[PDB]
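Here's a solo chain for you in structure tokens, the form deposited without adenosine-5'-diphosphate (ADP).
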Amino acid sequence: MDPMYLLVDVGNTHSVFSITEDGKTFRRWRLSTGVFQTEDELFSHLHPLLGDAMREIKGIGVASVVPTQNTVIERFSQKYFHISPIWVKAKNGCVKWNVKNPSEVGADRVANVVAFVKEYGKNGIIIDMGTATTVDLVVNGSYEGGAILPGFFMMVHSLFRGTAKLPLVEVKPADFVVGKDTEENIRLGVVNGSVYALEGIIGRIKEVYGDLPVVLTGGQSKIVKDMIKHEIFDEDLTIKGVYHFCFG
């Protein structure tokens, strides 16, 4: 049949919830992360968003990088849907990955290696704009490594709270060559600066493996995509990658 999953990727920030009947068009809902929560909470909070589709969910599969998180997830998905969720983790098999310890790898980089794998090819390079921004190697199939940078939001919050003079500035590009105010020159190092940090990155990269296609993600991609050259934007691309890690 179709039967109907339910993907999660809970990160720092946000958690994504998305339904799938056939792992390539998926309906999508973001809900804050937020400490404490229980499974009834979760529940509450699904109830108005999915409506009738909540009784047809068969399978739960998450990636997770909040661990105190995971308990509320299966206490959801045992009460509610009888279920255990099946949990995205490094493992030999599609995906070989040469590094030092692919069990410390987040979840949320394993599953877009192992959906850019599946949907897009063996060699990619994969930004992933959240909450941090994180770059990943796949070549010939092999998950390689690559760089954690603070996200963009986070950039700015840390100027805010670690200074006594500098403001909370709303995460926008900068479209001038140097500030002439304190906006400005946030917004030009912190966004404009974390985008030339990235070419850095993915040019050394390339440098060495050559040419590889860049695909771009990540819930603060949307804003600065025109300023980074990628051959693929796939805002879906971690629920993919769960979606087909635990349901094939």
Second form
Protein chains: 2
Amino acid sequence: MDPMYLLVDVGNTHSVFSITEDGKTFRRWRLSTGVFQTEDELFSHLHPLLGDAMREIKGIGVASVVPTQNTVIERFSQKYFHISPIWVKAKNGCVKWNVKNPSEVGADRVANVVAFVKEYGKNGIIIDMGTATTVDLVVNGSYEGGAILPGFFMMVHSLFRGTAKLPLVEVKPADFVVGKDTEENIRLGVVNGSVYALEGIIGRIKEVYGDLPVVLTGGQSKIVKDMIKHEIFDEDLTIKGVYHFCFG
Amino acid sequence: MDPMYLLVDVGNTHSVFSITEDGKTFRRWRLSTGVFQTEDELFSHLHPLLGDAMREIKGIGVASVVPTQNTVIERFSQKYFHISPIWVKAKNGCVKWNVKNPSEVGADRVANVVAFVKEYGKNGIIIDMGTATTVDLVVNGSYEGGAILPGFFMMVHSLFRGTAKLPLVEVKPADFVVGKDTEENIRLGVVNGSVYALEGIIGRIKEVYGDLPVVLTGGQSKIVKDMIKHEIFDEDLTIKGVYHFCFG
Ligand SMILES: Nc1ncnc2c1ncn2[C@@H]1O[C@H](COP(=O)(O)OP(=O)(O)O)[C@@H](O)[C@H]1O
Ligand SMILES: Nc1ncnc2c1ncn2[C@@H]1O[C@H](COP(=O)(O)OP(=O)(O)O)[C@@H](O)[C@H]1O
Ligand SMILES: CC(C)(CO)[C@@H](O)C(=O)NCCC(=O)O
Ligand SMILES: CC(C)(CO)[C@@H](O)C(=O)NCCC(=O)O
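Could you please show the structure of the form solved in complex with adenosine-5'-diphosphate (ADP), as a counterpart to the form deposited without adenosine-5'-diphosphate (ADP) just displayed?
Whole complex next, starting from this chain.
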């Protein structure tokens, strides 16, 4: 048959919920992660979204970078589906983990890499733009490590909150060489700057490890899609990894 | 004679206090800015630092990017010296301010541009690395605008506070192509990344305005100066701007 699987990607600000019956085509929703949220709250939020699909769920797979949120997901799964969720983490097998402490790498990154190696190949660089922006290097099926930078919103918010005079600027790329007002200055600095930062990190990787395909993902990737040379754009990469890790 | 002037640069985290008798050599001290600080508290902090030179101050010049602190600086000058401080502001004269609202550009950036045009030349690119990192464009003695990005610490701190899993990382350049643990990931993304972001903005400026000389300044510039191409390194640039603006 084609059993329905719930795939969860718990991020610091948002949690992605996706259902699939083949691990190839996904229906997805997004909810705020929500600090004090309960299993009943989560069921209540998902009820009018998933609809009838809710009772078809036979397996629950989760990548999570918010540990406090885990007992909530656990209780949701057990209460409403009488199953325990499968948790994405770094383990030996398809991917080699060539870093100092593999258990410390974010579950979202683990998922991204697993998705990459199953779908796209043994060699590549993954850029994931969310709350933080992440760079992950895969070489000959071995995860090599990467970079972590603040996300676009984290950056504009940090400038707003960390200074007296700066307003909160909307995230929008600059189409100019220099900003002519405060907002334009911050747009250029954060958005265009972050793209330069990413391209510079990528360039240096390529001179050591050679030319590798770049895959772009994340909720914040859309805004700057054309600004970074990439071979693949896949907004579903994390959810795909959760599927492959948990359900093959 | 050689009258002693006190120069003040009020930043969002730190305030710089400097004395000069010639506007060529500067003795300088640094304090936390301090939200609820009074004039007597400022005096008490400066007393053992300035010693007897305190009694010799004839003028007080101030660049400030924290409006609430201004009342305190004004009261300090009046109570202890019976003078009003001179405030750095964009005005017409030796610099043309070719931006939408000149009265909105930070007083420290104004001071930087005044110091540069007076001391270094008509054309240049100023990089001030502080709480936020600034890029300023000067063409034919005319201020053209710039970029604003979060500073190094602002970045590592925003990653720490904006995520569940990430620690507060020390600001130190990465000497590797990819980080092998969490701390190395953040260092590469933040410190090397921000250097790459600046090199891109600068490179793009130089495409339109030619090979302008680059000036480095700011408390955070030291750790990164061997990573950015620059013709001038001047940690006194803002304070020089305060002196030239106020005291000629
Ligand atoms: N305080 C906030 N106010 C408004 N929007 C926010 C805030 N914090 C984050 N966002 C939005 O959330 C998104 C970042 O989260 P997301 O891309 O889902 O990453 P993650 O999956 O890691 O949570 C951005 O699109 C940003 O605009
Ligand atoms: N919460 C904090 N804890 C420790 N150090 C901090 C904190 N916030 C800021 N700093 C320090 O202040 C520095 C920024 O201040 P500075 O370079 O003097 O710029 P400004 O002149 O704009 O205040 C950071 O690099 C950091 O080392
Ligand atoms: C970098 C984030 C915050 C991205 O969501 C996440 O991947 C994470 O919590 N990581 C743990 C640190 C690491 O990946 O090394
Ligand atoms: C960007 C900072 C915070 C740098 O210290 C400051 O110069 C400032 O408050 N500026 C006002 C914004 C502007 O210059 O357009």
